[PDB]
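Only one chain is included here, represented as structure tokens and corresponding to the form solved without the RNA.
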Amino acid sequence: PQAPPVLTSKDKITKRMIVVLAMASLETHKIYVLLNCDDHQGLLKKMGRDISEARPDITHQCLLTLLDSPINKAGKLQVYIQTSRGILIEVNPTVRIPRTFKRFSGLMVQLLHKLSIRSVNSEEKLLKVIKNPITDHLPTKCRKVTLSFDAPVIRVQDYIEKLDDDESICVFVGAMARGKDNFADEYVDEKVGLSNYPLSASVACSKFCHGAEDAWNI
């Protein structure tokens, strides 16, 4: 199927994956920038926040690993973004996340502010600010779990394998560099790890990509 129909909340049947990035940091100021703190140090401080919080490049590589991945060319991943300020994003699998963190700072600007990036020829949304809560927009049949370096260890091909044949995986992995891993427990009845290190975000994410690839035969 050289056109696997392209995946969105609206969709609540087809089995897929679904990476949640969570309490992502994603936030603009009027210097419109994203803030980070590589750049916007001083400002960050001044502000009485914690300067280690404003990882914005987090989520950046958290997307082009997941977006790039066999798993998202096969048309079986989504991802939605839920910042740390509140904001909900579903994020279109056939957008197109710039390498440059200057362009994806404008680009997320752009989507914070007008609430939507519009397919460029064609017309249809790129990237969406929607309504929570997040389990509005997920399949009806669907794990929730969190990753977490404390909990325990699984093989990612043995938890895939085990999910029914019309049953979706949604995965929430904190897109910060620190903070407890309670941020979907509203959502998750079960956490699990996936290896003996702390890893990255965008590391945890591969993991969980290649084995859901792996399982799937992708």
The other form holds:
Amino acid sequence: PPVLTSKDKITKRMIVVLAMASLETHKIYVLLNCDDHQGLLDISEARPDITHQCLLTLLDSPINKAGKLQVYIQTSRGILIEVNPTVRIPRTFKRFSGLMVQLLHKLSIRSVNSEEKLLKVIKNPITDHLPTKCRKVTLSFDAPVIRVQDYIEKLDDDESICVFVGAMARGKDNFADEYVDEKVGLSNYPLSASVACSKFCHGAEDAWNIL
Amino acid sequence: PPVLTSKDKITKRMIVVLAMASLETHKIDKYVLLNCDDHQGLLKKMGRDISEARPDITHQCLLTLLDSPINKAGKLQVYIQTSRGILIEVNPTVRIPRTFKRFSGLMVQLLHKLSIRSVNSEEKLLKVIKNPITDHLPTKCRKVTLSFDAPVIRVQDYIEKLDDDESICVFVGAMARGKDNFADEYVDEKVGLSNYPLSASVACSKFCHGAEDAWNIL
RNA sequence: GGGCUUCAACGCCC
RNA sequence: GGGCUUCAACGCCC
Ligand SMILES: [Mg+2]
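Starting from the form solved without the RNA shown above, please give the structure in the form deposited with the RNA bound.
The next block holds the full complex; its first chain is the one shown before.
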């Protein structure tokens, strides 16, 4: 399954961008996070677990395995990361952090052999990296609920779909407003970020006959 | 929205059993859960428990299930089932701890005391219970094992075939690898959910999604 | 140098 | 005793 990148601006893919991601290294370096740095401190700006949670939730999906998914992370401090669909993200937060810390310092994680870059810090904005036919949407409890399967079917045969989800514990849905066409809800109940991710993946897997 | 428990034998509902879960306390003079990060050194020394120490998988799965609409709607209960044969019932309203460190603490305490009690309420949130799982299950309940090597199904379709008074119980192996026979003795069949191997959590979302679709949950 | 791993890097082991 | 928290218990702070 040929790998999706920001260069390919034609192919019809689904893109999820994890926004307000908490990825702030703390000099001692390790990732700043509630557990260890509860005491040191506002806990909300320090929830990298949520990101780590979603990455597993996202890369483990049938849709990524079918390579019609693309993940981006955009932290709460405006750092932008392209995730390579084929990267086998560490399963444990600890190992995750080691890696995440390194990537922030070096700006990219390279495969020990291939020329590919498993993870890369790219320059803003995110609009310069998305496909040219691409619907921009924000997830929000405070919006009209939808069936993900229905929504996906209304897309042009060429139109990709890029959803902005907040990798945060709480807060305003404004984080992507300068980019979005539309904000929508996936549920009557408020969801965790990772759950919102499953919902979309799964609805779109369904829409796209995966698999 | 009435809370579902094993005591109720009639309601139609979806049950997930996280079979083969890796929960084990660790002495050091303090207690923690046996886990591949802290104890990969030790485990190897003693020449075993190679990936028999993946409590995080259970943790992941739990968040994934309880965070799900089908849970919020009260049509889902979960059970755990340990490598070492311990069975846990999980009260559907329990706001499980978000991080693994805080999860560990609580599972270590649950294992030593056999229950976790609400500070104000007298209902338990987690409770160790007696095997077999099949006593605690609804009377009319379809039982299946999720398996990569089993016939693939569309869950929405798989569910609409259930008698209007018949529940569905799914056993997921909460583990990194292994034969999917951790439940051969209870289940009616085994099914696959994808042509790709899944992770336990993903299998779990996939299945919840499916029920949520078919049972009309938003 | 060699290895472990639902965790190329990370995190450990010899 | 009081408090914090997508984490009653847990893990922290006073
Ligand atoms: Mg207290």
